[PDB]
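Since the structure of chain G is already known, use the hints to place chains B, A and E with the ligands on it.
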Amino acid sequence: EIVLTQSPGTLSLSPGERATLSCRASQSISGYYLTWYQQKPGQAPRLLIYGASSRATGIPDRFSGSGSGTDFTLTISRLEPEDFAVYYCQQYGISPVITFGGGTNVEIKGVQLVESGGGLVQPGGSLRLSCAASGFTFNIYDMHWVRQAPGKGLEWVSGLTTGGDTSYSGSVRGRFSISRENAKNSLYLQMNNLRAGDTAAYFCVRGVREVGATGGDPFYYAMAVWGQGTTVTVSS
Amino acid sequence: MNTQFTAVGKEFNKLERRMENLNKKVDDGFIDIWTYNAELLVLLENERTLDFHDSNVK
Amino acid sequence: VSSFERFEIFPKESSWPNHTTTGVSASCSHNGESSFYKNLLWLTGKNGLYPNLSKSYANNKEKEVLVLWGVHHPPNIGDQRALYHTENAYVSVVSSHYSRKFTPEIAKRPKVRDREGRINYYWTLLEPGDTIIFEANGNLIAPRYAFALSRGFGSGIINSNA
Amino acid sequence: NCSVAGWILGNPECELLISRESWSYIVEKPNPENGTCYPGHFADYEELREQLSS
Ligand SMILES: *[C@@H]1O[C@H](CO)[C@@H](O[C@@H]2O[C@H](CO)[C@@H](O[C@@H]3O[C@H](CO)[C@@H](O)[C@H](O)[C@@H]3O)[C@H](O)[C@H]2NC(C)=O)[C@H](O)[C@H]1NC(C)=O
Ligand SMILES: *[C@@H]1O[C@H](CO)[C@@H](O[C@@H]2O[C@H](CO)[C@@H](O[C@@H]3O[C@H](CO)[C@@H](O)[C@H](O)[C@@H]3O)[C@H](O)[C@H]2NC(C)=O)[C@H](O)[C@H]1NC(C)=O
Ligand SMILES: *[C@@H]1O[C@H](CO)[C@@H](O[C@@H]2O[C@H](CO)[C@@H](O)[C@H](O)[C@H]2NC(C)=O)[C@H](O)[C@H]1NC(C)=O
Ligand SMILES: *[C@@H]1O[C@H](CO)[C@@H](O)[C@H](O)[C@H]1NC(C)=O
Ligand SMILES: *[C@@H]1O[C@H](CO)[C@@H](O)[C@H](O)[C@H]1NC(C)=O
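Chains as they are written, first to last, in PDB author numbering: chain G, 1 to 110, 127 to 252; chain B, 559 to 616; chain A, 112 to 273; chain E, 58 to 111.
Simulated from the structure, these hints should not be mistaken for laboratory data.
Quick list of in silico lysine-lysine cross-link-like pairs, BS3-like style, CA-CA up to 27 Å:
id, chain 1, residue 1, chain 2, residue 2
1, B, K572, A, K219
2, A, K174, E, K86
3, B, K582, B, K568
4, A, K222, B, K572
5, A, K222, G, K200
Examples of chain A residues lying across from chain B (beta carbon under 8 Å, computed):
id, residue
6, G265
7, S266
8, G267
9, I268
Which bits of chain A does chain G cover? Going by a derived footprint, with three or more residues having C-beta under 8 Å, they are:
id, segment
10, 124–138
11, 142–148
12, 157–168
13, 189–201
14, 220–231
For each residue, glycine too, the CB sits at the ideal point set by N, CA and C.
Excised from the complex, chain G in its bound form:
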């Protein structure tokens, strides 16, 4: 899937101000295809906007976007110091590959998952992570493992639909391997042949309602919810 380009990766602005942010790609890419996040450093990400117009749950009205085709855009009606944060641009490839913008810092001038096993290995080594679920049906949703270097653009390591169509990146594939358990309400990621590119903080992510189930859950083609992530490192 396509390379994106955010605009700008950081900005510095005053209270009582709008903020226009443009995430645009190589190709023209159809518009209920992106979603938009924030994150405070130390906090996990939070969901804001989807499909270039429409708005998530538990919300004000101020963040609002537009654009189509090659150039998608999220704009902001008012700026506040509680928004001091990095905002992201995450899109579902038709090649079933999430792709990521490189984060956009707003500087303001004057239910759950749980991860398991983050830490150190030797480079060229081998280690596993797990995640585990709480208070939902891990049956339904298409899951994603994700990475992030500190104060860097994200990268999408892997994800899998609940019927087995895997998707990795061509670089990361083969060195990682996943496996899912719905009767367990838990997930696994066995990993080998690990170098400094893997020195980063990872996240387990619940995505997409596949087609059909009972619930008061609708779906988007956004994420459902994140986890808190954990650090992983090679060293010697």
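Relative to chain G, chains B, A and E with the ligands alone:
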């Protein structure tokens, strides 16, 4: 007899009860008729066999 | 059966580019991993982009044909608007002899195998020479594979635990 | 040559024959030539034939 390459059974929902009680009546009718005729035939034929033997010795 | 087999009337590949095909559900599973019936397909839009359809087929094989399809009844509307983007349902499955239309709404129902939703299943025979058409504004289950056959005579059915 | 469709409806190549007020039995061939000149489904062909048995 001629025994066809036969398939007996059927089944129905509960909005077909005309056809259910029919097909029951149908089949039970046939079953009873073969039953009755054949049973009488065994009785009669065995009697006529006894009389055939009795005749031959006489 | 005198002859019976399975073929690919409409390959999943290249039949439906303009509708996302790959969605499945989780009660329909395989070794505790989700799935959906082999012979059929879901269709939904291309990122919330439903165009409406008219497609067709008639026999070239010269044997008789057996065809299956489905009619979607969500348990809630947010699916209906999200997937197909019309509250209106209108499908028209058409042949020479048989033809029928379908215009459902949402009917809430109780949980059954952790499902309130429903898809009512519908089928027909199709002979050599004759055409089938499907027309729709969504809420469909389509054929991936269809059943080629000849007739058979005289064999049948058993229920048995033996 | 006619079908029952061509008979009942008034197909001009089928002789209407209104004088035929009642009769003994119906005569067809198996493969009736003249079905409907403008085609169309004809539901309950069975039922109409059975009612017009006699
Ligand atoms: C094929 O048939 C088998 C046997 O009927 C199905 O498996 C059984 O499905 C029932 C559905 O009620 C399962 O009970 C349920 O279990 C879940 C927890 O997994 C719970 O949430 C429900 O309340 C209910 O208790 C039952 O455990 C399950 N048994 C086994 C051995 O699998 C199976 O689902 C059918 N598969 C298909 C594809 O039709
Ligand atoms: C009553 O039945 C007769 C016999 O079936 C019908 O006549 C035949 O109709 C066929 C229809 O396919 C004719 O073949 C066609 O001929 C035209 C050229 O005229 C051509 O364009 C088609 O591609 C096809 O080849 C056939 O020639 C014709 N034969 C005769 C002797 O008329 C007739 O139409 C029926 N009439 C009614 C009122 O139902
Ligand atoms: C019934 O169908 C036959 C078709 O076999 C018709 O036969 C035709 O008869 C005319 C003379 O009346 C000839 O010119 C044609 O060449 C014949 N065609 C064939 C194929 O034999 C017959 O006329 C029809 N009869 C009625 C009453 O419709
Ligand atoms: C999809 O829509 C486009 C409209 O530009 C058309 O060119 C294409 O053939 C369509 N494909 C299918 C499978 O309907
Ligand atoms: C889809 O249905 C609407 C309903 O009127 C119609 O206007 C439109 O032309 C239809 N499109 C196709 C491709 O059939």
